[PDB]
Every structure is written in structure tokens, then in C-alpha cells.
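**Student:** Spelled out, the chains give:
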Amino acid sequence: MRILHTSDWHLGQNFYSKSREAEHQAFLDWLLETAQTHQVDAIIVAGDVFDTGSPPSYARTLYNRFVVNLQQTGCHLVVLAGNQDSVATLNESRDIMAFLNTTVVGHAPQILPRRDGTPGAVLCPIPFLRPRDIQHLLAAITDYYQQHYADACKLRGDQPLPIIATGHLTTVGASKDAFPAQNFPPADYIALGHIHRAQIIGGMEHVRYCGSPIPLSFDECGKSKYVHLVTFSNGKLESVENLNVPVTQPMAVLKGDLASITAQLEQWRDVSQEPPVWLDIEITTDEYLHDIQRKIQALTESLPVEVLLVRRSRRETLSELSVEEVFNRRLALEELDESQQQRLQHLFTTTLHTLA
Amino acid sequence: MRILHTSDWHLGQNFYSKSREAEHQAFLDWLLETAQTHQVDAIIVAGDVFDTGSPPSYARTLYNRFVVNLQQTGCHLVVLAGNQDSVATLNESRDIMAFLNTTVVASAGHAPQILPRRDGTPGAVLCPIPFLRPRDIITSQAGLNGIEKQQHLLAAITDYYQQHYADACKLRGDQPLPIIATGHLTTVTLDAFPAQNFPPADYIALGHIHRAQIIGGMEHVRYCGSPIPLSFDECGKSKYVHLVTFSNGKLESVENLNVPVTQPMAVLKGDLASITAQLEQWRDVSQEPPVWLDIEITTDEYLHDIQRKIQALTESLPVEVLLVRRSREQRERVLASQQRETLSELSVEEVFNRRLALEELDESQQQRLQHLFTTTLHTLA
Amino acid sequence: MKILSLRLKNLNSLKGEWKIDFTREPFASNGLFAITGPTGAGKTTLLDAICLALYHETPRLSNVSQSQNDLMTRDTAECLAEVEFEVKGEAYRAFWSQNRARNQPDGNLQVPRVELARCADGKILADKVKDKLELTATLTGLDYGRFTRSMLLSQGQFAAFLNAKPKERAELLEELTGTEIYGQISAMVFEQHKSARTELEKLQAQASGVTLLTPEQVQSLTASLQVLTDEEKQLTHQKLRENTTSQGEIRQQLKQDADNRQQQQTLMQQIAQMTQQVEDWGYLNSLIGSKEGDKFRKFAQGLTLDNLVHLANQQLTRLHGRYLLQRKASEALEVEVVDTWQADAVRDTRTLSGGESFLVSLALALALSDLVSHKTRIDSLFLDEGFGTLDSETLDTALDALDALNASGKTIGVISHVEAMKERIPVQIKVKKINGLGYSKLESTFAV
Amino acid sequence: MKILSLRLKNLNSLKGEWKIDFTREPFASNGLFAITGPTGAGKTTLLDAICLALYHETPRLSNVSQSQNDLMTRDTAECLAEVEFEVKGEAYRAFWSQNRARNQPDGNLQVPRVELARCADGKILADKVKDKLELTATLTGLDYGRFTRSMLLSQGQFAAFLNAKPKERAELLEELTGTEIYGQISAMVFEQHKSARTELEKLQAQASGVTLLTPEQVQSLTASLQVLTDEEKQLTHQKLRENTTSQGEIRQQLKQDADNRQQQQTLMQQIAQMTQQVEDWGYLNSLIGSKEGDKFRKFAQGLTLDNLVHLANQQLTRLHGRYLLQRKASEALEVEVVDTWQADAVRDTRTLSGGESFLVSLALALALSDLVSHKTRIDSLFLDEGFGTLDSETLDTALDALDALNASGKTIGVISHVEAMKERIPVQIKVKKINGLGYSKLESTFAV
DNA sequence: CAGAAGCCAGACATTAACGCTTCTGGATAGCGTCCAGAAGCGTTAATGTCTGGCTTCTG
Ligand SMILES: Nc1ncnc2c1ncn2[C@@H]1O[C@H](COP(=O)(O)OP(=O)(O)O)[C@@H](O)[C@H]1O
Ligand SMILES: Nc1ncnc2c1ncn2[C@@H]1O[C@H](COP(=O)(O)OP(=O)(O)O)[C@@H](O)[C@H]1O
Ligand SMILES: [Mg+2]
Ligand SMILES: [Mg+2]
Ligand SMILES: [Mn+2]
Ligand SMILES: [Mn+2]
Ligand SMILES: [Mn+2]
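Chains as they are written, first to last, in the entry's author numbering: chain B, 1 to 105, 109 to 137, 151 to 192, 205 to 342, 354 to 395; chain A, 1 to 188, 203 to 395; chain D, 1 to 235, 835 to 1047; chain C, 1 to 235, 835 to 1047.
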């Protein structure tokens, strides 16, 4: 039995005063076409469908159109609640979504039917376990997963249905507290999200990272932009497959001196390709931002490229400095001592977290 | 054929920081029960489904629950766009509401559609006209005038209605099917819509007026009105929802259905004694859901500490005071004084008498105030 | 109040013992003159010198004191400004000076030295800053807030009086023509009302600080007394004290509850009695004012404003027949212009043109100065700027009006960058820069 | 963002409909132009149409609405103002209008009708005030607040930026550049501190509100208990009843006192722990954070005021080389003037002459306009009266610097009264005053 | 060098900047509901002003 795995869609993300409508729609259409071609049994997503708790209108339209197109396929879709994503906006359509042959999410394991309606496998729906819902928290999440696995085993009994586990968390041994990797319940396949970078973990295919299907940042613009296919054979794992995704908005990163980068922009000399290439600029010179931007605009206005941000690799503009750095600069006039500064920085982190 | 005529739901509206979710859910379940009882086939709401462009989450949950519950009966639902709401917020669910046999016609340019009956036979022909934003039907032109815009917009909307009515008539052809048309505009401070310019359709559903009433004395143009009171000027009035009987392509009759008042409201006018007397009448009964009350004080005396005196008067009863008002509008000044008087030779007693002469008190508190000011003046000598 | 002499040292661009006196022939001929020169030469400085000598403050600097002093010329030791003025029939002298740490071009600033004395009398009327301010205010009849918009009209703030909020506009009219008691009585009334209200609030705190036993608790305690007493009559020594001890517990609680209610009942009686009085105190406060003459001060000064606008109308008709002024039907102290040509337009001063607003402000200042001619007469006027916005076909009429005023004993000294009056005004105090050295000078006849 | 057209009717004093287009035989080049005429002849009205039709607020009148519409000329019942402007190679169109009751010269007013539209497609993008005033700001990159001090230096407000309040300047800088996250942090830390302080209170009040028996009374009750205890052993039945009854009164008093004491100890432990909590927020609220985001915003805007003054110095060097602005070490951010001629003399901005202050303000406004250049380009500037105070040579240098600036895309418009400057300027939109009727007219090529 | 004018270090009456509280006009209305703006009073650290100890120049 076949499953498509994806996570960190992050619809409605304003990428530096830009939009993602066209690339989101293209990726969704590609996903539908691939699902229809491969005759996949069901679709799973590991949370973080929306950027924030109040996504823009077009994100809702994209998600609804995706679901409507999925209806004609007849497959099964399960949606989890992400970390930044609030469950309030997901629970709104829960009643309609169930009527439209898809499930959204404390819950009980559910049997996943095949295309003909026969029971194919069982999944473990676990949304983002909020600390209010549940050292102590590590044991809480561990034995919560243990209880869910016990419930799934009780539901299975002697049935040949493979067990699938879902979750939205980070684990040890992964790179961009942490649930230990070895503490996983003995399930056939466990799906993880919350990390846009797909990577190997645990040495066994029972736990795999799908990552994000779209570039959330220039740092993650690498080739590892895959979507995982998991296949099953008579109740046992068959193989794991990875899918290359198309790109409708290439990302380019530039670094070096002004002369070197100006030479680099000559590669895109009036190519006139239909997707405008978005540029990330990293200049090592000491020239001020307010006029180095004018210097860059003195050349980019003719090329078929668009400039997103300018960064100096190391007076200075507020865009160069972060909130934590400026707050630390504010603390230079006060006596940090030993604990006062620790308490103040912890409280400032709490305030910046509770602001959004 | 039976159809429900309602509008101005205004879901998620905040009324003096008080939510309307309870009464909205009560009306939704009452409407569903009435639909099941009367065996309706299609329901039309004539706009203002959402109070704001970005309604809160619970309003969306209420709307989804209502549409899910209406799916059980199998009846058709038509959702009209108002002016307060968001066309994008309606279109984000218009695409998916099609699978539920419900239609959202927020976007302009919607073609007429056949309303099927419960037996599957063609019942009527829709003319689902939402609120016509000027940005979707007219084009800006220079060399304009102050009042030319209103006439141009009126001509454009009249032409749109004429064209849509003609298209609906030619689509229905010759079958004796009733013609239904929606509307979310006011109809006869020189901004209105002439009554006679509506096409001679079988029945016209007009909204955006919270008071249910008939326009121009013509029987097939009706204002559904609000489902629940939305301000203190309609607290004492009963809201209505219309059902329409259709057969053989012609209108037969309509009947008004009283809306239960789950949250009673009242308004008070008068001086302190009258307000207290009217407020104390609630001591007999015990309202488990608190009753919302308005206070409109019309007097001339000070009433020091209104916000505490009213609270003390209402503390012993489950009467939630929401707002107060007083006839505070008053101007004060020294008159011309014959253009000859000067402050140097004028007396403080005279200026005090002039100040008090503007007030409506005559002797009762006048003597006490005069004695009080004499005492105040005597401490600086 | 006409100025007799000026003397400055190291003020702004100017550097070194520049003394001018109007007793000489060129200034005593008519009393009207003009000042010109390059921008920044010191045209405003030589007019701000008298303001400093009189009120220890400048229109451009909030204050000058032992700190943040910067009015002296850069890299100098001592700066002083001394003036002589005649109030009534006698001339006085005002003096101000400031020194560095040790007369070096750098160091700490020392406390200012002030002396107000009578000319040719040798009597030091004052030797301290505050006493000097009080004495000069009493004798001249002009505080800074009245002088800086009745006698001198610095550039940029000429429209301040028309654009002044009533809170600061009413104070000037209160200070003029006497009658300072209105603000005092308003402040005192507010203070006593605040006292009579805060006394009642504490009684409310005591009212809600007394614990009262509920009627259910009262009856339950009383019911237990009957149970304890009845079980006693059913009779051993052990249960005698057992019921009796519980009997005593209930009796005190009822006694304490009665005592708690007794204290509350008396206090509620007291609260009721002074409640009726504080009601009238608040009612009076609602129409007599609070704190710094918030209300009823404008009510008192409306008549003075009416007299001032009545005089300003007759002066402005002589100046030019474009507008008339009268008080508008608003609670705030406002004056609105009347369009003579339309004969019906009633518009507020906020919509006036720049030149017309300047003319209205000048007319108001002249009428205000002439209003207090009875006590502490004012016979001087200075205009830093404002004639620029006027065209040649109206500036001539303005100069003719100023000449008509100067026909009397009043002395008017104007400053303007416009060359259209270089021949109208005979006397000019030329000011020159020096080769871009950063300093400036003037005619050698005034140097010392 | 540059202006391509204008239209008005009965705006302030211009009866009939008038329209000027900056795409004709005049204005063919981007050369600077000027408007001249008699004072008070609607000279600023031509500059008021742009501001009104863009931001619903004239520089003089605070707002225009159904009430207090003093803008309209008398004996008229309708007015309107339309603007066509271009940005990023595309053109838009703003609009504003208002009528009276039944098109009569008297009666109440109607709600103004507005419009924002694209001139290419012909569709409209806004029709309500509350959305149009935000969409125009988002599109042009500047709202009324940034407009009035970045591309329209109205008469009398040229030095607004220099003399503006530090909070206003910080708000302007943060609104022009940067993200308001600093403001939200500052305004929210104070709310958290207020919540913590309020919840800390009402616990001390509860602790102090419960009456406790003093230790002497506790011993007095205990002493009476043992005193009543001894004679009951020495004991009759009636005596026993009254004796043990008094024992119960003391016992319950001691019992309730201990219970009341125990509750107070519980509150003290929470308050003592909470006193450790309150310092978490007190120091944070003192260092940063306040209502409306003042302290943290003012601290953060220094890093961008440094960039702004760095740009301003470079701009001013070619305009007036006598002064170089600097950012002085002040808690309230301010610009500091450094004198080149006086050997790096440092002094406050408030002690500057009118012309030099105008130059500094103009340089700062120009640098502020050019700071947002990388995001959006502003190619218009209409400086109003106040430019004529300069000396001829200084005015000539300023005009030459403006001409040098005009080599770029900026279409500078200058409104003043200098005869030499008006002769020098090629294009003049002359206004003709009427012969006493009170109205004004334009050239016959503009009326329509 | 002895002593006086000048310079440097302490308490007290204003004062200007938030902050709270109340009141009100504008954007919507078949002339009604909040949202934002303004005015006025209360707090408080900051500051100018008056008063008491060291130090260089005149006799
Ligand atoms: N400490 C100082 N050092 C040098 N120049 C100074 C100092 N204080 C003030 N100035 C100069 O004094 C001049 C005063 O000019 P002002 O009389 O105000 O001119 P205007 O009459 O044109 O308004 C200015 O040029 C100013 O820069
Ligand atoms: N309410 C009004 N009705 C008619 N005309 C008015 C009204 N308010 C102002 N005006 C006219 O509008 C003119 C505008 O002056 P303006 O020329 O723009 O100023 P400036 O001369 O400072 O540039 C006024 O001088 C006056 O003639
Ligand atoms: Mg000057
Ligand atoms: Mg002007
Ligand atoms: Mn993610
Ligand atoms: Mn997440
Ligand atoms: Mn409505």
C-alpha cells in the first residue's frame, strides 16, 4: 500500500513582501497528477499547513481547491496540526472535511481503507502535543505515544494491517526538549515533520523525514527538496522511495565583492525566462546599505531578475541587526552581573514568543 | 415550491463587547427545525452573512455546522454577498460548497440557475445578484462631476438588472416556472434606488434593510429584515422570516414567521425616579439568561457618579447595563453685556449670577449654591 | 516702556562691547527705524538682547542657567547684556552677565549675575534672579508671556496668539487688566471638592471592610443553640460543658454580627448625611472650574476678549478694510474673521492666508498693547519678520499704518529682508559679516 | 511617485472648474517651475488640491467631513478635487468631492464620496475612506504623515522636523523604515508589567483587610480562659452554665483568630514569592517598554538616525557647506550642528537663524525622502513659502543646488515671492486676483 | 603670608514628560456603534535656585 508524505507546507507565507500563490498551485497540481498516476492509496501531511493562526484568504482557496481536486481521485487525506499553526482554524471545517472523505486533528487510532474500501492499514493521528495539553514533559510524550501504540495494538489484534505513526516534533540526531530517537514505539513506519530539511535518522526506515516540498529559505535551497513514497507488501514494508519536485521559482545566492557579484549577474544577461529569478545578495564590503542598495538597483533594473534582500557578511541599518542583538546592546548600560541578565533575557524571550 | 427569505445574519458581530453566538445558534436550529417541518426545497439568504471582512473563527464554525446540518435535509442553499462581508471570504468556500448542493453567488456575473424541487423536477429560475460593487460593473472616467457618478451607477445597475432578467426569461423559455431575483440594496439623503425600475419578475428578494417592510406597496417586492435584533431601536419589535408559495410559474402568497426572542432587550427613557421604577419591575421574575437594558436619561441635573449609581441600582438584579446617555449638550458664555461692561469694575457676584442664569435651576438649589460660593469667597479675605 | 539704550557683549555672531542708545539724534528724530544685513549676521540677536536682559530667556532657547548655556559666542570668556528702559516718568537699568570657569575658552559655567537698578539713583532694587523677575514684572506690567507677544513679535511665532489653545490664551488676558482671583477660586474649589470626595471614599472602604454573617449562617447558628439547649434538658458532667461550650461559641458570633451591623448602620447614616453635600459640591465644580482655571476662567475673560476684539476692529479698519473680527459662538475663546467684501462670510482664522494672518496678529498685538495703556503704558514695538509674505501693493499700506502709529510717541523698530522699504525707513542699522570668519560686526559708531 | 494632473472646483477661492496637466507644451521638461500672484489669491490652494485629494486632510484644516467644512468658497454648493499620479511606470487616479443639501448654498452637508482608480484599465481599487486612505499609503509608500514632511514643506512648517517632539520623530523614523516589532514589544512589556503589578495588589489588600487579634489580646483571651478554668473545678449548676459559656466564647475567638492568622501567613508566602516575581518585570519595564511604545522605539531609532544624518551631511555639503549635521549623544534623539568655519564648533539646532534653519530642515527632509529610495522612488517636492528669507547670494546658491538636484527625476516646485527668483524661473502659473469681489482666477489655458 | 572674591558641593520650589480617566467627534446611518482622538488631572524624576566649604591674588 502506497502513501505520500509531506510536511511544512506553510501556506500564506509572505516571503519578504512577496507571495507564493503560483508555486503553491503548481506544486498542488503536480501532487494531484503524481497521486493519480501512481494510484496512491492515501495522502498524509505532517502538520504546519498554514503559516499562522490567521492565514490570508488565498491560502484557504488553495487548500480548498486542493481538497476538491483530491475528491475526484477518491484517496484519503489526513491533516495534522502544526506548531505555529493553531488548531482553531483547522477545527473550523472538521465536520465538512470528514463528509468530504478526509480527516483532520487527543484522538483514537483510525483504520485507513483502501481504494476499494477494504482495510489497508492503521494510522496513529497525533497533532502537535501542546505543553498545556500534556524532564516531565519528555516522559509525558513518551508514555503518551506508548499508550497510543497500545491502543493501536488492541485495535489490530491479529489483523494484518501495518501500523503508521504520525507526529510533529524534533528528535535527537537531527539538524536544522527533543524526543529520543531510540524511544520510538515499534511501528512499521513513523512520520515526522517540523523540519523542512529531509534527512536520514535512526538508521532504520521506520522513521523518515519528508521535509518541505517548497523552499522556505535560501539556506534550504539545496537539491534535498524531496517527497517520500512508502510502499507496503502483504502487511510488511516493501520499499521507501523519494520523489524529485519541479520548481517554478528558482533561488540564487550570491557572495563576494561588488565587482565579483556584478560579474555574476552577467550570467542572467537578458535571458528573458518566464520565471523571474529571485536573488539573495551577500556583500562583504563596508559600504553602507542605503546606497549599496542603490548601486545594486543601478544594475538589476535591466536584468530579468528581482532583488529580495541585501546582507553584509561580518553605521548600520536596523534591518541588519536582530531583536536579540539590539536588546543585548540595550543591556550594555546596565550591570549584567550573574543571574539578573539570565532572568531578563529569559523574560524577553518569553515576551517575544507571546507577542505572536 | 417553498423558499425562506432571510438576510442580515451578521455572524460574529460584537455588540458592546458581547457575543451573539448563542442567539445565532438558536436561530440557526430554529430555522432548521422550521425547514424540516414545512418541507422546504431551497433556502436563500440575501447578504450580510458575515459582519466583517475577516470574521472570527467561531462564526465560521457556526456557519459550517449550519451547512452540515442543512445537508441532512437535502434542501438547497443560496448565499448572497453583502457590503460588510468579503467576496474572497465567501469565494474561499464557494468552490467546496458545490458538493453540498449549496451555491455561493458572491462573485458578480453569475448566470441564472435552475432551482430543483425535492422530486427532481425544475422548480424555479434563480437571478442570484449579490451586492454590486462599483469596481466590478463600471469603469472610471475623467471629466466627471459630483452628482454624475450617482446617475451613471444607477443607469449601470438598471441595465445590469434588465439584461439579467432578459437572460433569465430567455433561459426559462416557455415552461411555467417562477422567476426569483435577489437583491442587497436600499429602495425608496439623495441616495436610493427607484422602485419602478426593477424588472417585472415574479418575486424580488431585497435585503440590507433591518426592518422588514414592503416597498412601494407592491406585493412581490419585500424586505425580509434581520433575523434577530441588532440595535436598541428594534429591541421591542418582532423579527420575521418569509416563506413563499410558488406554483405554475406565479406567486400565490407569503406568510410571516415570528422569530423566538431568546435574548430579550429593552430601552428606558426618563429621569432617575422613572428609571428606578421601571428597573425594579424585574424583581418579581428571575431571568436565568441576563436581560440587556439600555438607559437614555433625559434630564438637566448633574447626577454625580452615574457609572456608580446605575451599578448600585442594577447590582441586585440580573440586568446587564450596556450603555448610558444624558442630554449633556450645553453651551456656556458671557453675553455681549452691552459692549460697555468690563471685568475690572464688574462684580464676582454679578458674574456668578450670570453664570447660574444660564442654568434652568430657579431657587431650590440656587440658594444653596449661592451660599456655598459665599462661603468659598469668604476664605480668601 | 520705550527702550533708551542697549549694551551687549559676546552674544551669538556679535563679539565685543556693542552699545546703542536711542537718546541720540538719529533715533530720537522720529523713533522709527529698520535693521538689515545678511542672514545670521545678528539681526535677531540685537533684538533678543533686550529680551534676555529683561526676562532671562530667549524665543529660541528654553532657558539659560549654570548648565546648557550656549548663547555666548564660541570661544569667549564673558557675555553680558545690559539695557535701560523708562517706565512712567523714570528710567531704570537691567543687567545680566555670565562668566566661564576662569575666563578660559573652556571649563565650567558659573551662576548668572543679575542686577536691576534705577538709572542715576544708585539703588539696587534687586540682586537675585527670582526677586528681580518679580520686581520687573510688577513695575513693567509685562511678564515674558505677555511681552513676547505684545511688544516683540519674533519670527515664526507671530501667529502663536491666533493659534494658541485657550489654556494658554486665557492666562494672558487674566494677567492683563487685573482680576487674578478667578483662577485662584477655581483651584481652591477643586481642591476642597477633592478633599470632600476623598473623605467619603474612605468611609466606603470601611463600609466594605466589615465582615457580615449571612442570614443562613445566622439561622444555622441559632438553630444549633436550640439543639444544644434541648439536648441539655434531656438529662452527665461531660456533656454539660460540651453543649455549654458550643453554646458560648454561637452567642459571641451573633453578638459580633450584631456589632458588625451596628457599626455599619451608623456609618451608613453618616455617609448619607455628607453625601447630599458632596453632590452640590460636585455640581458647583461642574461650572466653576478645576486646577489651573480649567473652567470659568474663559467665562470671566470673555468680556475682556470682547473689549480687545472691539478695539482690534477699529484699529484693523484703519490698517486695511479687508476683514473684521468678533468672537464666535464656541465654548473656547476664539475670534473669527468677517469678510467685508462678501459682507456675510463667517469663517475661522484657521483658513486665512499667510499675509492676512500676519496682519490680523499684528492688529491684535497692537490693540492688546493699547488696551493696557491705562496702567504700565507701553510705547514700543518690534517686528522681527512677517513683511515678506506681503506684496508691494499691501506692504506699502502696512508701512503707512506703522508710520501713522509712530506719529505718536510710540517707537517701532522693524526687521525685514525685503528691500521694498529701504527708502521708506530713513534709519538703518547695517550689520556686516567678516570674510566668513564666523563672526559679525556693524557700524563703528556703536562700537566700544 | 510624481504628479501628472490636477483638477479642482470651488476649492478655497477658485470659482468654476480648473485643471492643469503636467504633460503639455509647458512642463515638457522636468525643470523647476513656480507659482506667483498677489498674496491671499489662492496661491497655496493650488498646492492644497494635491494634499486634499490624496489624504483627505489639508495642511491647515485638521479634517474635512460632513461637518466643519470651512474649505469651500462661499455662495457655492459643491466642490471636488482630482489627482492623477504615476508610480513604478503605471498611473493611478485619486478623487474627492462633497455637495450641500439639494445643491443649495445653505443646509447640511452630505458624506463625501471618494475614488481611487487606475487610469490604464479604468477599474477602481477603492471607494471608501477607511480603505482608500490605507491603500494610497501602501501604494505610494507614504501616507499623510510622511507626505507632509517629506515632499510638501508648507509655509510656516518648514522647520517642523527639527522642532518636532522626540516621540513624533521616533514614530516618523520607525514608520518610514523598519518593522514595528520594537513598538509592539515596548507596548506589550508594559501591559505585562501592569498586569503583574495589579495581580500583586488586591492580595496585600486582602491580607491587610482581615482583622487579627494582637498578641496582648491573645494572651488576654488565654488568661481569661485559665481564669475561668480554675474556679469551675473549685465549684452551682447555673454557675457552671454561665462559666463554661464564657469558655466557649474565648475558644471560638482563639479558633477564628488562628484560622485568620493562618490565612494571612499563606498570603505572605505568596506575596514574598511574588516580590521575587515583580523584579523580573520592573527592571525590564524601566529599561525598555512603555505605553504606545516610547522608550524602546526611541532607543532603536538612533541606529537609523545615524544613517539619516550620514545621508543629510552628504546632501547638505553641495547645498550649504558651512554646516555638517551630527547625532549628539542624547537620550531623546536629536540632530546636532557642527560648524566648519568655527573650527568644529558644536551647538544646538535651536540656536540657528531662520535661513540656515530652513536649509537644515530642507536637507533633512530631502535625506528622509531619499532614504526610502531603494523601496520606492519619490520624484516630487513642492516647497512652499519660507524659501525667500535667504540673502541673494545664499538664495542663488540654494537655487543652483536645486537645479543640480533637478538633473535627477525630481520635479521640484517652488512657491515664494522673490522677484529675482520669479524672473529666473521659466515657468510661472500666474494667478490673477479679482477687483475686490474676493475671488481669484487662473490663466485662460487652465480654466475649463 | 592673612584675608577676600571666586569656584565647587548640598536642600527646596517649579516643571516637563507619561499615564490614567473621562469625554467626544468621525466613519457609518432610510441622521446609531465602535474607533480613534483630545482634554484634563495625577506621578515622578529632572532641574534651576538659594546656601555652605576650598583656592589664588592684593596688601
Ligand atoms: N556659540 C556659537 N558659535 C558660533 N556661532 C553662533 C553661536 N551661537 C549662535 N551663533 C550664530 O549666531 C547667529 C545668530 O543669527 P540670528 O540673529 O538668529 O539671524 P537672523 O537675524 O537672520 O535670524 C547665527 O548665525 C548662529 O549660527
Ligand atoms: N471660507 C472661505 N470662503 C471663501 N474664500 C476663502 C475662505 N477661506 C479662505 N478663503 C480665501 O482663500 C485664500 C487662500 O489664501 P492663499 O493665497 O492660499 O494663501 P497664501 O497667500 O499664504 O499663499 C484666502 O486668502 C481667502 O481669500
Ligand atoms: Mg531673523
Ligand atoms: Mg501660502
Ligand atoms: Mn515547517
Ligand atoms: Mn508546526
Ligand atoms: Mn445589516
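Mixed in with the good hints, there may be bad ones.
Calculated pairs, BS3-like style, for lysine-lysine (alpha carbon to alpha carbon, straight line, at most 30 Å) [to be verified]:
#: 1; chain 1: A; residue 1: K149; chain 2: C; residue 2: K927
#: 2; chain 1: D; residue 1: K838; chain 2: C; residue 2: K838
#: 3; chain 1: A; residue 1: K149; chain 2: C; residue 2: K88
#: 4; chain 1: D; residue 1: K233; chain 2: C; residue 2: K233
#: 5; chain 1: C; residue 1: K88; chain 2: A; residue 2: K323
#: 6; chain 1: D; residue 1: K838; chain 2: C; residue 2: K202
#: 7; chain 1: D; residue 1: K894; chain 2: A; residue 2: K323
#: 8; chain 1: D; residue 1: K890; chain 2: C; residue 2: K167
#: 9; chain 1: A; residue 1: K149; chain 2: C; residue 2: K194
#: 10; chain 1: B; residue 1: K283; chain 2: C; residue 2: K974
#: 11; chain 1: D; residue 1: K1032; chain 2: C; residue 2: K927
#: 12; chain 1: D; residue 1: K194; chain 2: C; residue 2: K202
On the chain C side, residues computed to face chain A include the following (Cβ under 8 Å) [claimed, not checked]:
#: 13; residue: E78
#: 14; residue: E86
#: 15; residue: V129
For each label pair, taking beta carbons as the anchor points, the in silico distance ranges come out as [as the list claims (entries may be wrong)]:
#: 16; chain 1: C; residue 1: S885; chain 2: D; residue 2: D943; range: 56 to 66 Å
#: 17; chain 1: A; residue 1: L372; chain 2: D; residue 2: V937; range: 24 to 34 Å
#: 18; chain 1: D; residue 1: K194; chain 2: A; residue 2: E310; range: 41 to 51 Å
By construction, these hints were calculated from the structure, which means they are not laboratory data. The beta carbon of each residue, even a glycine, is placed where N, CA and C say it ideally should be.
**Student:** All hints are to be evaluated individually against the structure, with a verdict given for each.
**Tutor:** Each hint tested on the structure:
1. A:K149 with C:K927: violated (55 Å)
2. D:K838 with C:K838: Status holds; Cα separation ~16 Å.
3. A:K149 with C:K88: It holds: about 29 Å lies between the C-alpha atoms, which stays within 30 Å.
4. D:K233 with C:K233: holds (22 Å)
5. C:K88 with A:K323: violated (61 Å)
6. D:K838 with C:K202: violated (45 Å)
7. D:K894 with A:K323: Roughly 26 Å separates the two Cα atoms, so the pair holds.
8. D:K890 with C:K167: Roughly 27 Å between the alpha carbons, so the hint for D:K890 and C:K167 holds.
9. A:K149 with C:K194: Since the Cα atoms of A:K149 and C:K194 sit roughly 52 Å apart, the hinted pair is violated (cutoff 30 Å).
10. B:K283 with C:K974: Within the cut-off at roughly 22 Å; holds.
11. D:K1032 with C:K927: Measuring from Cα to Cα gives roughly 29 Å; hence the hint holds.
12. D:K194 with C:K202: holds (24 Å)
13. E78: holds (5 Å)
14. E86: violated (15 Å)
15. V129: It is violated, given that the least Cβ distance between C:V129 and chain A is near 15 Å, above 8 Å.
16. C:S885 with D:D943: 56 to 66 Å: Distance hint for C:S885, D:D943 holds at roughly 60 Å.
17. A:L372 with D:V937: 24 to 34 Å: Given about 26 Å between the Cβ atoms, the range holds.
18. D:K194 with A:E310: 41 to 51 Å: violated (31 Å)
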